[PDB]
Amino acid sequence: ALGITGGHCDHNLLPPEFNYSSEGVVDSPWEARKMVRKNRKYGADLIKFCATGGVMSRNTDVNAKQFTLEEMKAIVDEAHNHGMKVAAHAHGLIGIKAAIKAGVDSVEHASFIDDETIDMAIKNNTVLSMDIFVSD
Amino acid sequence: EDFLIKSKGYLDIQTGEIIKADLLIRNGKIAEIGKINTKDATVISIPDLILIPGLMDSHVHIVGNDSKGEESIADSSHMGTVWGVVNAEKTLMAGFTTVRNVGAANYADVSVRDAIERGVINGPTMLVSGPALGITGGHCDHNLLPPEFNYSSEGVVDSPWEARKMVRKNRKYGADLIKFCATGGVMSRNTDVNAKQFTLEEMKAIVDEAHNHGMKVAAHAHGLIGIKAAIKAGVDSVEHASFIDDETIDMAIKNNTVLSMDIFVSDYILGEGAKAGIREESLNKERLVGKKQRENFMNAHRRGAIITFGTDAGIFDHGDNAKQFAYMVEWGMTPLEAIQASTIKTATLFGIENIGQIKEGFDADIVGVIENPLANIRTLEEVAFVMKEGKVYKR
Amino acid sequence: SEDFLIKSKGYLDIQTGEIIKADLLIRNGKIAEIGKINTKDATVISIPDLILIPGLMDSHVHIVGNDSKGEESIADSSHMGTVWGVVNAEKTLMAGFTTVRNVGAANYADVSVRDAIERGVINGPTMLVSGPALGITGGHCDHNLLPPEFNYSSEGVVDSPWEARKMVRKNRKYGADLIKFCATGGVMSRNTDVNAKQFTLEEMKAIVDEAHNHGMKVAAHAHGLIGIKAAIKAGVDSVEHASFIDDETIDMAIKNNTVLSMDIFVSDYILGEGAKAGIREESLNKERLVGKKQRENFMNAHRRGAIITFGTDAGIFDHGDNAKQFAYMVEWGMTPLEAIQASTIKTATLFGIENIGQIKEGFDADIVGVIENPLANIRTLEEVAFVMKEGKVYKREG
Amino acid sequence: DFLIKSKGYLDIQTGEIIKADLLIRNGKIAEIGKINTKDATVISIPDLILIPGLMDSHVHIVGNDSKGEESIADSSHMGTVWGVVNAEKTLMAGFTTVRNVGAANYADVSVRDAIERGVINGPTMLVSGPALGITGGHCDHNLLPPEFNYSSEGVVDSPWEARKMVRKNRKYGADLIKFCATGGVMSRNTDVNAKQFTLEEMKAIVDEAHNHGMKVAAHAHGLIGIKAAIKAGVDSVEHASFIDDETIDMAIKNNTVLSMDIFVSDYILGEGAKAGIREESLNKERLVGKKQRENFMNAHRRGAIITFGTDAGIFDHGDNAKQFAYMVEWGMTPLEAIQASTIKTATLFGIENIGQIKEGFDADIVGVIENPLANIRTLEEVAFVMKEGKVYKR
Ligand SMILES: NC(=[NH2+])NCCC[C@H](N)C(=O)O
Ligand SMILES: NC(=[NH2+])NCCC[C@H](N)C(=O)O
Ligand SMILES: NC(=[NH2+])NCCC[C@H](N)C(=O)O
Ligand SMILES: NC(=[NH2+])NCCC[C@H](N)C(=O)O
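Protein chains in written order, with the numbering used here: chain A, 1 to 136; chain B, 1001 to 1395; chain C, 2001 to 2398; chain D, 3001 to 3394.
Isolated chain A, as found in the complex:
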């Protein structure tokens, strides 16, 4: 999964002395581009990125957008260029909005989606992939 430094799909479990980032951590449009290429190269069928923070990660904010829209658009263009679909992890609303705008194929979780951006997903044929059991 592609993420920002310290994102949901980074690994924020080590002291800063280790300087660990996970395999898919990317922090520019062209880095993000390259990671889509690297995933395709080694055989991936789709691209996942993290667009907000999440529940299971340390030190992430669920309502904070992760990635600029510029980075998000780069991930989506490059993946669609190779005929890959794009899923985007997004709990908070500003992330959901931004993922849809970038042109993602599915938004994962989609937890705080409002009326106006439900309709954004309808209009763009964006799918909501929503895990409503797992909270229990």
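Calculated directly from the structure, the hints in this document are not laboratory data.
Any given hint could be a false lead.
Derived list of chain A stretches under chain B, where covered just means 3 residues or more per stretch with a C-beta under 8 Å from a C-beta of chain B [to be verified]:
# : stretch
1 : 4 to 16
2 : 58 to 65
With beta-carbon atoms standing in for the labels, derived distance ranges [unchecked claim]:
# : chain 1 : residue 1 : chain 2 : residue 2 : range
3 : B       : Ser-1072  : C       : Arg-2027  : 22 to 30 Å
4 : A       : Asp-136   : C       : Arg-2288  : 36 to 44 Å
5 : D       : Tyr-3150  : B       : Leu-1144  : 39 to 47 Å
6 : C       : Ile-2020  : B       : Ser-1072  : 52 to 60 Å
7 : D       : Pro-3046  : A       : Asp-136   : 32 to 40 Å
8 : D       : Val-3081  : C       : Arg-2190  : 44 to 52 Å
Think of the CB as a built atom: it goes at the ideal place given N, C-alpha and C, for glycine as much as any other residue.
Once you have looked at the hints, place chains B, C and D with the ligands on chain A.
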């Protein structure tokens, strides 16, 4: 644990009026204002001491090496953390309950903040910045080594995406807050104080990314072009702000850019600091900056700009933060407005609500003082009672 | 000028056992005179019912390290270990320990805390520090808590004689007083055989020769017998723990002036109030192997005539509670006088420091004052009432 | 609890098969004798002879078994997926404790621990980590151009480097140390009759592993490397292909086991030739194969300990018992061949309480149709597998 505080009176920091009433404290918050019934737990008889909210400093460097001389040259970064423990206690006993740390290395600032937060040690509630962000060779670079070492400091960033990433890295590792340098400085080697550092594009990228995570942004800036650009980039405070003029005071007003103007510390640097360790290149830049800053501090206050209590403690001794109160009133603030700048005005800037007022529901940060501070403000230099978050630290 | 006259119930002579009624003159951080002193300018410590002994010592502490627990503590930096170190140094002082041997830490932050004590930045005992402990790859003072993908060895991992040479030199360069190595496996580490020697003798003899070349002392961690034998043969100044020492190698230790720093309290913490408090079950099973056998061998060590010092492995248990071992030391077969001797003059000789560990003329003013007589009840060392270090008073109750 | 009613069990010490019943509680043989009393449940077998669970002292369970064009850029994780398959295949063939003798990335220890924890089915593995070797050796990867400068994990080239890698293998969970002491068949660019490692390097490995209580196996075809492995003091020499009269006697005196694989040559030169094995390897097999099982016969005759080791991985996992026929063919009694795969291996592995149907020993029990002392080829199709008191095959 419950506390009834028997005061000479509390300052109402909104109105000015001091109010003779009692305060009930339960679990780190002010419960009651008025005359209170008293059934369970303990009384603090104070009665000679007029009560004010816990004070704030918006520009400190609590963590750093304060050992000096020949013995201290090969000292590891951990000596700076030892001193961090010391200076935090010293800052709390001076009646400062919530501060904004504005540069450290190695996330030792978050180490000292969290230890206070866990009750491992005593100190103020630190808002910490992590490594400050600079251009190669800037003010918050370290320009003290030969080119053969090729040493750059932790926050050195040189493109918008590099800067984006360091904001993220600082968020990852605990920072509350991004500080960056937008001009050259006084205390650094090889920096022009009137030169802009960072492109506008670099600056905007820092701000955009930090605000995206709900982090506030502070910019170090003396020179005018730097101040303008920082304001234009959309920062939450300009630090120092030394050569601010009529037009860009106005730019700051329309944007809600706080000015964090350290008007004491020039007198320490040009006075006691000349033999205390401070380089001659640094003293020459302080002559350029010092007088003109408080001239412009007076102008900014007159024109209506928001100014908060930041001192650059760490240059001068921690504990002596309160010495700036007298300077603040000397250069145009009323005594009320000087205390407002370390209570209600910092609290907005810090982004923390429920501090800095003696109001019901607010956090029990309270400092007891000898005289009437609206008459003599230099009482804040000699405090007799410190409560932070319900617990009593000084009596 | 700024001198102290201490008026007390008595002072212990640590060579004899005698409690002597005398006053003490303190100048320039030293005990100047003992007896009746004519003075009119010196300020008087009136401390009339307190018995005085010299400042206590610990030959095995870990003052610096993170003592924060739970889920919030996980990505904490190394500087949180230094913040805790400050707290723990103060806590060790207030329990009447005035010179200690800090026997393993990371990043030379042990030398920082030490130096900041030396400079009077913070209150604490005089630490003698090791630096990073030298270990083999995957040894007890390696860190085996990470997947092989990380390929993390800790700071002091060495695997050849000339590598071990180089780490002794590096430790010294960054300010260390002594060298600790692990010679066997250990209780508190993951995947270490307590009964297996770690290091070759060649590597052990290289560590020792270099450390002694620079006038540094060597401690060796060794539970298992083969590693005790090898440490002694290499020429170490102390074997730490020494848990499965036998008759023949007690005799070796006597012969070569090898000290035995035997932490005999701490097994009651780990199995008791430590199994509840987050010690892993792999460690506890190794603790069951060690603890009772160490105390039996502690008794046999003393009676056969080996030098034992007072080490606790504090840091495992709470700093400040070091003196709980004193009870455990009369239990397992020292006289109360020998117990304090182990924490004063016997430690001083191990430490290589002259002019501490006695209330004597010319010696440093490291002086602990106590409520009951410690030769009658040793367990009042667990609640001291007066602490003086280097002329300065740090604890006084009444 | 379990009660096993049986045609009889092999007493592997005496050779005489004993008609009795076996009581299994807590994964051990509790009672041998006549019982059918109390607790839990009978196992209705009747017609099967019982033997102690079979052991292989030279396997390679983890590794990619996919072939051809698809498999070329496969990650190391494919070899781990295959390890899960190959563990079951080994266990269902009646092999209950095995020695895995060289994998990469510590995937062997993973596969082991997964079996131990009950995540997956398989035998108890003792694992080596990466095999130690010189640069360019048999257990170096000799298949990439110079510009890559690739060397595999266990490449060491000094005594102290070797020491360190033993320590690294221990650290990440290895039970034993394999090293390569000559060149090999299945590698590119190795001479089978040339020693690899100095004696001083070999002694450094042996001394360091024995210090941690780890057994040492040394790969050796050529004679001069077999000699030097024994003098180093290894616990086994694998293959042992060109061992002579004089240094068989060295192996008897020093109690060095010879883990000789005498089946696999016939796979390599037959079905393996068209399976994608290189001509350089096939040529080196023709140097080794015939003379190995000749020297097997001489080693057994002179009094040397030989264990059952097969080099499975080359052939398909689960076909391991095909070697048993070859071992009687080349000089052993059928008892001696099962002795080689039970009590001889248990001593080599350093594990007490397996390899025997005796009281207090672990419940590793395999049921077979015919008498194995009659025809040994019954072990090629076992009917009943029990490992640690759990029944895996019926
Ligand atoms: N309410 C929920 N769907 N919770 C589960 C969210 C799981 C997701 N991987 C996350 O950590 O954000
Ligand atoms: N007039 C002043 N505020 N002087 C102090 C400036 C301190 C600042 N950190 C700098 O070096 O630039
Ligand atoms: N019984 C004892 N001495 N227990 C404490 C042992 C502490 C030592 N660091 C170890 O893990 O080996
Ligand atoms: N005759 C034999 N045992 N042949 C098989 C040898 C296989 C061994 N792994 C090697 O490459 O050398």
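Structure versus earlier hints - violations, ascending order
6, 7, 8
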